[PDB]
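The chain below stands alone and is given in structure tokens; this is the form solved without its partner chain.
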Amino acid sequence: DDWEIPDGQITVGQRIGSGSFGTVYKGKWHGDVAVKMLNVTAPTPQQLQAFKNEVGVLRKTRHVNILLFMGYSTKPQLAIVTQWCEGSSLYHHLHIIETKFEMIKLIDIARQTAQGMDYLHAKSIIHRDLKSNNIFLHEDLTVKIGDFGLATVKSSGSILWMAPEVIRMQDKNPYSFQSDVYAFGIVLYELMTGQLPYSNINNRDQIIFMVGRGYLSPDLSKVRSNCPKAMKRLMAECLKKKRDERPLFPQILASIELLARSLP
């Protein structure tokens, strides 16, 4: 019952990026895989902690909509190995290559994402950084939620997806299922409008300040016409400035399924 990969079996290749801790690479281990390593040979103290935290969460997940954790290593360097997703992140599709998804496909992507979130929450896992860039469209179909570590289970910037309470830090622990729900709301906004929120404001600090005070919020009137009213309503629900008024995924999921069933 061990997920530790034997020493020196992982072949590392092209450098991809650098999420959470360390650097991510496309590598080899019983096929293509993603490898999140640590450049230093001296794992330091709190680096060996963020490492054990991620593995600890990742290893509690087995769901088609959650990036597949395959194993970890301490080999020469600490390394988390996950499946290799073929394609691009939803963020890249929507805002870089501006892919034109049909409404059916957009509804389905929101569904799978919620499917995935519902699962994480059932396991008492709070993502804490859900955003269109951590949502991968594997093989152009099938959502894979990724990048954890920053994720916890039970007791740069990504402000666009941060709920008002999170921005305020009036608890130092404003994170909860509800704040995950809010970010999903911002993700819904992207799919449904094809754009990032507040694109007409060029000052981040202003954006941060105003969302936190409840003065600014996503402009829902921007939703595409062919967007089902029930979706636009689900969206507003998730984006409630007041935490406790937001619905939970079991509910989100039911709503998205009923609007999807009656769409064609």
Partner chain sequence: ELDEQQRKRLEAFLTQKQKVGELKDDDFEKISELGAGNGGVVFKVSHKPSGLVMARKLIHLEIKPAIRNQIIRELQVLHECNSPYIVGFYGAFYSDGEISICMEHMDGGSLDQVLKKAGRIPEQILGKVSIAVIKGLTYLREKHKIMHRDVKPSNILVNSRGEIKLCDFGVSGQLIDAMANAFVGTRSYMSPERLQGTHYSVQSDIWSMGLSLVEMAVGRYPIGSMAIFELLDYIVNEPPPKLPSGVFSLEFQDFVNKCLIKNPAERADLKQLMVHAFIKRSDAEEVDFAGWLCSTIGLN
The other form holds:
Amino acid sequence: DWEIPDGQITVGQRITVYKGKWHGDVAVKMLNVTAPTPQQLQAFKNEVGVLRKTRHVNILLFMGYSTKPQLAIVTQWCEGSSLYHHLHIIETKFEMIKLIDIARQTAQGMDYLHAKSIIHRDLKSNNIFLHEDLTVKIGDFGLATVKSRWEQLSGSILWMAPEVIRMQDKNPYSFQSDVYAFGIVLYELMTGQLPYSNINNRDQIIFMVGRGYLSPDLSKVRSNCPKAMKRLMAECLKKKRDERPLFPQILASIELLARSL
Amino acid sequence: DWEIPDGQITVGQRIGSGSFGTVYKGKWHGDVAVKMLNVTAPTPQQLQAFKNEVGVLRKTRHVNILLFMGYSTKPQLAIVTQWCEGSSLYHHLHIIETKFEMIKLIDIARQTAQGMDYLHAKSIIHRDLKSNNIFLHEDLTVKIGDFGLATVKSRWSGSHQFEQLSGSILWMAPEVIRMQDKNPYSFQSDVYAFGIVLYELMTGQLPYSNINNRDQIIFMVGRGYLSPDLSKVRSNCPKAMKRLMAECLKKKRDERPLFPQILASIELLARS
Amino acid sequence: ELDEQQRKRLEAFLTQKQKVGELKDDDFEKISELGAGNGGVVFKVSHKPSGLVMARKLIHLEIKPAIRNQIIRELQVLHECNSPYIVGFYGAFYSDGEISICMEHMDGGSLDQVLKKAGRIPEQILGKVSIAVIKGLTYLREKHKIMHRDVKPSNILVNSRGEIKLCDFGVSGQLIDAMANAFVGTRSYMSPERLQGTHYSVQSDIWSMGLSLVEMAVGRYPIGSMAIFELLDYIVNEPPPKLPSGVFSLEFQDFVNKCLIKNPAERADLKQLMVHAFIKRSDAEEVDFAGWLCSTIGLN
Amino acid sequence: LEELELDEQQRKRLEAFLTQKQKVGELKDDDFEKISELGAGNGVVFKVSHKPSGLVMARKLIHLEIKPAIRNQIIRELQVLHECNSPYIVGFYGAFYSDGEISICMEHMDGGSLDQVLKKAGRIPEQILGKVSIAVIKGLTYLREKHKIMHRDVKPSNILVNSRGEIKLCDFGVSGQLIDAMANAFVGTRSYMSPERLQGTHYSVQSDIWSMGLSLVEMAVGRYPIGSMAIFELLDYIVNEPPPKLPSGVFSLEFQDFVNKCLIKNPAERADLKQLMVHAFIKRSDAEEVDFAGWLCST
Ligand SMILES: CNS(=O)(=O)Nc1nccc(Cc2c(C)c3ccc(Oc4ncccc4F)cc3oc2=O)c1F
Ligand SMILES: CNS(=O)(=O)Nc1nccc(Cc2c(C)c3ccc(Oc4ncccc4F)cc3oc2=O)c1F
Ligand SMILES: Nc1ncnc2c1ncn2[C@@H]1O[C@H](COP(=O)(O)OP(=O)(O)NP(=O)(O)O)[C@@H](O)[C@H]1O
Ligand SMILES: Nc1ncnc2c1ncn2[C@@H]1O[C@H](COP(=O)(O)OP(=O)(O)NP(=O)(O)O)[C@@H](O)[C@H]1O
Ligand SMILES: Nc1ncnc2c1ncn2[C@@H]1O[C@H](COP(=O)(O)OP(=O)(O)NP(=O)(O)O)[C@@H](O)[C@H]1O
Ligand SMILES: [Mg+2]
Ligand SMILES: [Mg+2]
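Could you give the coordinates for the form solved in complex with its partner chain, as opposed to the form solved without its partner chain above?
Below is the whole assembly, all chains and molecules, this chain first.
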């Protein structure tokens, strides 16, 4: 139904993701491997199946897939930059009202995903696009799974909950580990920095965060940050996943906070 | 699937009316628009229109098509879409009289054409394209909405047609007015409606604003005695846009261009 | 010219209207549905501040607030439209995307509804209807220089007292403009000159009356299942309908013929119709329309 | 200081490298053409041809999302490699940026990395690892003595060899900004990090010695010594468990004691560069005569 015929998609400049043309501008994420492995087709089928379950303004709009020539997923083309680019490359000076709205919209999309029983498993500022400098789009569903009734470490360590790093529980990934990743996004928004900026050893970060010896320095939170936001951020970042709130409650906390400004 | 259990949607302020049902602002994982059939004894046509719109919307995933998000069967039939904070193009052009710059007027036409091209590539004929059904959002992102009347491979509500419903007269091609062909609808009749939308954009006005007789418009437009007054187009409108508008408004449907060609013409004049 | 009873009823109605002030949506309570047109259901309601039972019509329009305000002001001319052959006006207001027009409730409904129960309407009854419409149009022309613009059986209302009154005429110029782009119907009584975009006048309301009279006389819409355009094409192209033979007097047949002449220049005018043999005979006829109506539609 | 001295052939080879290097000027993407793919890591490395000079070179692309100012400072700090000239340090040609990737151009090693030789041998003979131990110790001593830096990423994939018999170190921490920038990504599946660095305590070049010891144990037994587990389990194992040891039968007592003194978890009791150079295992293998080239070519 969403398969796009071969000669329709025009591939353009490389941004992996290319800027392309299919009924207007689109982003085309392709697998340049000529021989896809089972794990490659598995990941491709898993991602398309997850994306086709999503219809929400804060989720990157899936539009179709192509199996010929190369395996490609087609989404809307987002205008602007990622939240990681804004906070850490060009240092965009967002007002606190916009920082809260970015947090609100991100929580809005995650709450939608969790209502669809989707664990994103790769939430990070690089995968949050600020479309038209206005609308949060959560992208990159390459690791997303549908939680059902029935392995090596994979992802970016800065947004990984300690139980995800440890990979020792029967299900290291949960809704609550998505919440932890969101908590790091809140840290990025309210400090303008990545966590552990004084630690330049990746394996040290892995060991110490997984052991609960290292956690984000919440004193870097700017003074204009509301008290309810630093408190919500600390609750999302709890080392024990059962102490983290879920996104329905995170949303209500942000909304009340937003009215109290 | 896409069915929303009752209780999760919070219905708020009334926003307007659709072709079938009433549209409200609502809350469901954020702001949503909720179009409800607030009728105790709905007609077969209203029931089939709800079924049709859900079926057509589920086939659409494009930035210029209003984002379908879900539907509810109880306590009432309702269609949930994204909420567009900028209301409709009709509201901007003819209610508050927003003064869009020509670059933005052309881009609105371009995004509308973009969404229509997507629809026709999936054999979806809208049959009710008008400025009321073009919603704005963000920095004037166009969203084509309201698919109650739309056909897919000439089928309606999951079945072949046993009647030919019709929408608003002003955007209605002469052959749809006359209702003399067995199937008077086509890609080209959607193109005509787009032409009327182009007329709204470049004149700021609805067509036939001097004729206040509904039956007069039906007869004379259907007879080809009445057509939009292209002299009302503003002087800042590019000549290539007026030529394209004139081709989309041709009385003979076979002479109208299709949307792949329409898009190429808008992208060319937008570059100038 | 008004009779004593006609002068009394109007005074008693104007006194009833003195009990009515500014209208607001919360001051109304629904009772029942009076009927449905292409604009929706008209409701019989109760105005609690005055107690009077009214008919409430809701006209859904998307228009500028300034145009909405001018429509309400233009509708105020209806307060000066006082005639036994004109449905009374109580007020109008805006509420939730629709303009509510509240008017005199006519407990006999429209002649369109009466025709459904009656099948056909006898000639002498239609003579009283002809007088009511001709006197209404002449009143509108001479007192307010306005046409009706929408004469048809559904816009001729009747009551248990035997009164026959015109409604839904073009009093607000901006409301006419605002309603031109929607409210499409399945039939039409529009004159051929207005369909074709040529010069028209109250002559067109005479055409619409003549067409309505033929319909009520023979019990069938006389134009031409054709969709709306094909009916309009038929009105323009084909010669007008005529009454059948052996049923109606020659004066009635000649009356509707002169109403239906497609050239408005030769079509009879209100002055010529007012002294037509059919109207002269009908005016002097003693017709118990009140009793016929109540027995025909089941009123008490 | 005695380890820093070169024989006649090593002095001739170094000057010949610096002479061919003198023909190279400003590096640009337009001046390069790919030859083959030398492998891939957590980063891709291509064997390239610099057209203006004709030299064969190795080009590593590091994809980073960093401020342009940080990118330029990295290029500036990588220039220190122009003074890192040694028969045990991979030569450097230039560094530049293009298409969101930072290019690092260096000397090509046809033999490849010692981690790829392990796959083509299963285990590495003891006398071969004796030459490797000498090369690593000398290379670590050179960096500390001449540039006051440690390698901080010693492992078999960062010890490169060639058909000419040379064994050189590569990918060491010459740029403070590049170290910081690469800390948040490039997740690996195994680790050679010292226990004290993993725990965030004070560290020095002793950590490179620990990493060398673990690399030698791997290349001797033919298997990664830590503990299949994920990365955190491996890191936890490094911190909590006693270090691995070499089998008692085949390996000589001196080689076992050499590895054991490298792998002492307390860095204050772990042997240092001086003690290791005067260790019995080094002297026996130093005066020994091994044709590492022939063994490398066959394996
Ligand atoms: C088909 N012919 S057309 O094309 O000319 N269209 C039109 N024809 C005629 C009129 C109009 C507009 C209009 C309407 C519809 C209207 C309705 C009710 C009303 O209340 C009362 N009316 C009379 C007596 C008492 C009342 F309470 C006032 C109204 O005032 C109006 O002006 C048209 F649009
Ligand atoms: C895992 N341990 S750690 O956590 O300490 N991370 C790090 N370790 C060590 C270093 C760095 C950064 C870095 C890297 C990776 C690097 C790579 C190549 C390079 O080119 C040449 N190299 C040697 C000889 C000739 C050359 F041309 C210079 C480099 O310089 C650098 O600084 C780290 F991030
Ligand atoms: N839908 C999209 N619209 C616009 N830009 C996009 C879109 N998806 C991804 N990008 C950008 O295109 C690039 C591809 O990022 P990504 O999806 O992570 O794949 P990648 O090839 O691994 N690049 P990287 O972000 O470094 O991992 C990044 O610069 C994104 O910001
Ligand atoms: N004052 C009134 N008293 C009683 N019934 C009324 C009154 N006004 C209107 N009605 C009835 O309400 C119904 C709807 O009227 P209306 O909305 O004007 O449409 P219509 O004249 O019947 N047909 P159309 O004009 O083509 O939409 C009709 O059946 C009328 O008889
Ligand atoms: N100068 C060089 N000459 C020849 N081969 C080289 C050179 N540099 C790198 N290689 C090869 O390229 C491969 C990739 O190196 P690299 O990108 O540094 O990843 P890695 O060191 O192997 N493992 P990791 O550091 O965890 O990413 C190495 O394993 C070598 O085989
Ligand atoms: Mg009416
Ligand atoms: Mg390396």
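Only residues modelled in both forms are compared. Residue numbers count along the first chain shown, from 1. If you superpose the two forms and keep the largest set of C-alpha atoms that fall within 1.5 Å, you have the rigid core.
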Item to check | Entry of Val40, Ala236, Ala230, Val64 that shows, once the rigid core is matched between these two forms, a C-alpha shift of 2 Å or more | outcome: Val40
Item to check | between these two forms, how far the Cα of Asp7 shifts once the core is aligned, in Å | outcome: 2.7
Checklist entry - Taking the rigid core as the frame, how far in Å does the Cα of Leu78 move between these two forms? => result 1.8
